[PDB]
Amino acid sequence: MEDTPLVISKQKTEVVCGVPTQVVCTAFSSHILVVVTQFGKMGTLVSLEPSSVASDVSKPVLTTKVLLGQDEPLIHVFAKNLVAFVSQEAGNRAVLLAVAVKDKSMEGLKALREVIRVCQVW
């Protein structure tokens, strides 16, 4: 059992755009799981995965797929802008995002990235 890897998680609750929001980040070997929940809802699940290999002069293209919940164009844009930096800083691991945020704005998204940053596990 020597060298079993630890599954690492960190959470914070913060008021974001006036609304109480809990963020949890959990690091697996292939994925970072990012959970952003308002009003106790699990929300929509979005898979974000690199679809090209990184180089010295390029970041991987990220493809998004809604796995559960409301599949709307805005959620793909929102997920990508929310957690692209997580994938890129975590060795180009994929991200599994559970996001329950009713009122999406660039304001809330930038505030949420800061909370994610506080909950870094990569």
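Just so we're on the same page, rigid core means the largest C-alpha set that superposes within 1.5 Å between forms. Residue numbers count along the first chain shown, from 1. Residues that one form lacks are left out of the comparison. What changes on going to the form deposited in another entry:
Of the residues checked (67, 42, 54, 74), the rigid-core alignment between these two forms shows a Cα shift of at least 2 Å for 54 alone. Once the two forms are aligned on their core, the segments of at least three consecutive shared residues with Cα displacements of 2 Å or more between these two forms fall at 2 to 6, 52 to 59.
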Given for the second form:
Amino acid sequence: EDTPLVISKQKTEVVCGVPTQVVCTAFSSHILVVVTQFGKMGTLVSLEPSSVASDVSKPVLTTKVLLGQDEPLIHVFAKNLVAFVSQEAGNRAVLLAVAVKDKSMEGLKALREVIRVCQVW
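With the form deposited in one PDB entry done, generate the form deposited in another entry in the same format.
A lone chain is what you will see next.
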């Protein structure tokens, strides 16, 4: 027997032909989101609500690549993949591990649907 201290949910789903496992875990000040294809951990991105820029209505979601190649697309993709998680979880920081080599709008929408199935906030 076991009783978790934090809520986690996972789901394996095919996304644009690729089996993909999603895991979401709710910590008090972070949601950890894992999106893994082909057994790989991929790129680790922190998404931190930060000081407003021109729009004072909502925090800026600042991205940092912590592990893996720091290249510009993954920052933008990560924001579109999990900004909704941060927002819905009370403007909480998100730690994302993302291993998705072949990206598209169709795939992005499908990944967000799996993350929604794994909602823990």
